[PDB]
Each structure stands twice: as structure tokens, then as C-alpha cells.
Amino acid sequence: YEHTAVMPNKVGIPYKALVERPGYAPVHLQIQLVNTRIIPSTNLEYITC
Amino acid sequence: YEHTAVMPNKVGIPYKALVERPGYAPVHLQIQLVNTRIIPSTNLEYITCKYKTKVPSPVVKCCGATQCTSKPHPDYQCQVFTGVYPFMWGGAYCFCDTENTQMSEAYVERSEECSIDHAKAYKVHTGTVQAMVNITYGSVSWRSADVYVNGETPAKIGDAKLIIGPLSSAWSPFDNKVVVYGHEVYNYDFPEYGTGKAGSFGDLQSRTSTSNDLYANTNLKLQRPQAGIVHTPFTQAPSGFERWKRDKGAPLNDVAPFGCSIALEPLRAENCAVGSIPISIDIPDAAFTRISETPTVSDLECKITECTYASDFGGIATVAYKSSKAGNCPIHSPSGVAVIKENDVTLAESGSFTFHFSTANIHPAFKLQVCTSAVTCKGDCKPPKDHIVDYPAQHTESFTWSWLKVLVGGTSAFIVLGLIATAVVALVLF
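So the protein lines, in turn, are chains A and B.
Residue numbers for the first sequence follow full-length UniProt numbering, beginning at 802 and rising by one.
The second sequence runs 802 to 1201, 1209 to 1238 under full-length UniProt numbering.
What the hints contain is simulated information worked out from the structure, not anything from laboratory work.
Among the clues, some could well be false.
Unchecked claim - One-sided excerpt, in silico: chain B residues whose CB lies under 8 Å from chain A: (1) 813; (2) 1186; (3) 1188.
To be verified - The calculated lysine to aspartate or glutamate pairs, modelled on EDC-like cross-linking and capped at a C-alpha distance of 16 Å, are: (4) B:1186 / A:821; (5) B:853 / B:947; (6) B:1186 / A:846; (7) B:1123 / B:1150; (8) B:853 / B:953; (9) B:978 / B:960; (10) B:1168 / B:1086; (11) B:853 / B:1014; (12) B:1183 / A:846.
Unchecked claim - Per label pair, the in silico range of CB-to-CB distance: (13) B:1175 / A:827: 25 to 35 Å; (14) B:1107 / A:835: 44 to 54 Å; (15) A:815 / B:1117: 43 to 53 Å.
Beta carbons: idealized from backbone N, C-alpha and C, even for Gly.
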């Protein structure tokens, strides 16, 4: 039942998928990507002023 | 109503057949062959074990010979020796120098471990298999009785009389010749009592532990002690019981076929799931309910709702029960396609109650006999995901058409088209 799901990157809205496990009752999702903060790899090269 | 039934030999799962006695209400079975312990006919041929060269203390005649004799000890190796000068606590003690004689003698004897840590050969015949068959019968709900397989033995434990077998699957997982060790059982061609080559298995061969006589081919060869000192060179193969514990073969409870377990206990081979058993029971007629007291259920409907194409009882199906009275109703699928967890279903006045089951065909078209009312619970099933735990309840695999029916009918249609092309040439011909 490991519910793989392609999923649009968009922040402020849930994505209520559905678990179709064969055998037991299905269960809904509610996946809201509340944030997409990134934090790339960087380097402080020089301050200027 | 003596309900004959062919029945698969498989241990840990009930076999809920249905008594179709004409006249009174049917009753379900629940026949779980909890065990298939075998206990073939056997013979203790010889214990073996590792020797112990329990040397009798050699003679030392100081000036002249001491002829040895062949004492009757097992493998009594004895060889006179001269040319010694035996250093014993005061330097030597025998005042001669070549007439100093030393007679070494050594015989083979059972170890103290032979009593307890010992391999054990057998000539193994077939004997007669057994079982602690539980039946939580009908409304009786219990009997856990030990039975046989030979097809005229009853066992009136509980209230029912039941005759089992003989099974058709005569594979004794034991071979003819077997060695046995503590718990690990080896279907080994042990050489024999009285013969075993030294070093090889059965260098020591005692009939039993008590048996003072034995056969000890150990190749025990005494050599002369060195440089005028008292001791006893015994040159000997360490036992074929020493090896056979670290250059052995694997155990029959780890190499057998058709699914058996083993014990150093009555020499059974438990739970050998193979073939079928023609089982037949004489129920107590008192346990029957007359037909006019169970609700008649017809004018019903059955349908799966989530069929699981699987082993565990994942298949389910509601049934639009249409009863006359209200009460219990034993159930069974006379077709072996579907195996059902529920033997009995309670009924109000024409309600509905789902049961559980398991199947093996994508389109389970199995009849369901709800206390004298048949119904097809046709439908379609889904494969599971999670298959690593013990053994199934389904045990009904067979042949299981989406490109075969009109395919092969279409395949035929080419060659069916032939003899309606040919012999119409005969018409065009005339």
C-alpha cells in the first residue's frame, strides 16, 4: 500500500489522494505542501559595502 | 449419511465439508488434520558412538618374553615388544637391556558418551501414520482425538465415528536405511553392523548401549614405546562418530521432500503434506437438526464486494439472505474453488451477512450452499501485495480465457473455414 503519487508542486492547497489498498477500507490523503523552501548550496564569496 | 470424503493431506487448515443427508438439515464439518505423525516400522540395528581406547595397563617382563594371547575384548589389539629399558621414576627398573620385554594391549570400548551422545542406525519399513484430528463439529464444537490412517479404524472420541485413509501418498520420507542422532535424522546408507570400515561411520558398532559385544574396526595398531619409557602408542583412526559430526550430511528435517518435520521421539515424521486421504465419518444422528427447523433461505442473492485473489481469507461477499425462520445456517462451497472461514452464519428474518473466503481463479464462479440453497457467487478478484508469512488456506490452485475462447474458436474458424471451402468445391464441381 506504499502509495506512490506524482504530485504537482504548488504550495497552498491540499492534494487529497486516496489509498486503494486491496483488502481493507481505503483512506484519503490530504497533502498540503505548505512550503517549498529551497536552500541551495552556496558560498560566501565576499561581503561588500 | 456416512460422509465419505477424499481429503488433501495438509496439516494446519480445516476442511469444512458439508453433510448432505437427505431428509434432515445439513451439517458442516471442520476437519483440521492438526498432525500427520508417521511412526514407520523400524528396527534398532546398532548404536554407534566414538570409541575409547581404554588401554589395559601393559605388562613389562624384565628379562625375557611374555607371549600375548588374543583376549576376547572388542578389537583386542595386543602386540608383544622387546628392546626396552623403561624409565619409571628411578630411571629404568628392569636390569636387562634387550630381554626387557613390554607387552602392550589395547581394546576398544564404548565411550561414556555412547550411552547418551550416539548415532543410531535403523532398518526402516513403512508402518502406520497418525493425527490428533480436531473437529469442532457442527454444534458439538469439539473433539481433539488421536487417530490412525488405516481405512477401517474408527476413533469414537467425542461422539463421532471417523474412518481415515489409507492415504495414497505412500512417500515415507525416511529411506530404508536411516541413521539417527539426538534430533537430527539422517537417511543414510549406514554400512551395517559388523562391517564398518575404520574411520568411516560405524567404526564402533554396538547393538545397543548395554551390549558388551560390538564390532570395532578402528584399525587400532599398537606401536612400541620409545627410548625405554613406559607408555602405550595406540595408533588409531579417530572415530567415524567424530566425523559424521563435522563432515556429515544435512538432516532430513532440513532436506526431506513434501514437507515433513522430525523427532527423536517415536520416530515420527510430522505434518507430511502430500496427497489425499479418503476420509469417512459416521456422525451421531442426534447431532443432526431436522430439516423443518432450520430457515429455508432461497430467493436470496450473493455477490462479492471485495474479492482478494489470495490465500488469507481476503475474499468477501455479501449475501441477500431471504429466510423463512430465523436462526443459524451452515454454509459451504461444494466446489473446491472457494474456501470459507465461516462454517455457520446467523440469520434474522431475511437479512444480509457477509462471509470471508479465499480463491485461486480470477473469476470465482463457485456455488455456495447456504443450508440447502445453492447460489453462484460470481465475480472478480484482486491480487495482494504482502507475501512473506506461513502457509495458506486456499490450497485450491488449478487451471485459471480472455484470449482463448474466441481466439481458439477463431483459430478453429480458419480450419473450420476449410471443409466449408472444401466440399463446396464439390458443389461447384458437382
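Hints and how they fare:
{"no.": "1", "hint": "813", "verdict": "22 Å, violated"}
{"no.": "2", "hint": "1186", "verdict": "7 Å, holds"}
{"no.": "3", "hint": "1188", "verdict": "13 Å, violated"}
{"no.": "4", "hint": "B:1186 / A:821", "verdict": "12 Å, holds"}
{"no.": "5", "hint": "B:853 / B:947", "verdict": "44 Å, violated"}
{"no.": "6", "hint": "B:1186 / A:846", "verdict": "53 Å, violated"}
{"no.": "7", "hint": "B:1123 / B:1150", "verdict": "7 Å, holds"}
{"no.": "8", "hint": "B:853 / B:953", "verdict": "51 Å, violated"}
{"no.": "9", "hint": "B:978 / B:960", "verdict": "41 Å, violated"}
{"no.": "10", "hint": "B:1168 / B:1086", "verdict": "26 Å, violated"}
{"no.": "11", "hint": "B:853 / B:1014", "verdict": "15 Å, holds"}
{"no.": "12", "hint": "B:1183 / A:846", "verdict": "59 Å, violated"}
{"no.": "13", "hint": "B:1175 / A:827: 25 to 35 Å", "verdict": "33 Å, holds"}
{"no.": "14", "hint": "B:1107 / A:835: 44 to 54 Å", "verdict": "35 Å, violated"}
{"no.": "15", "hint": "A:815 / B:1117: 43 to 53 Å", "verdict": "31 Å, violated"}
Of the numbered hints given earlier, the model fails hints 1, 3, 5, 6, 8, 9, 10, 12, 14, 15; all others are met.
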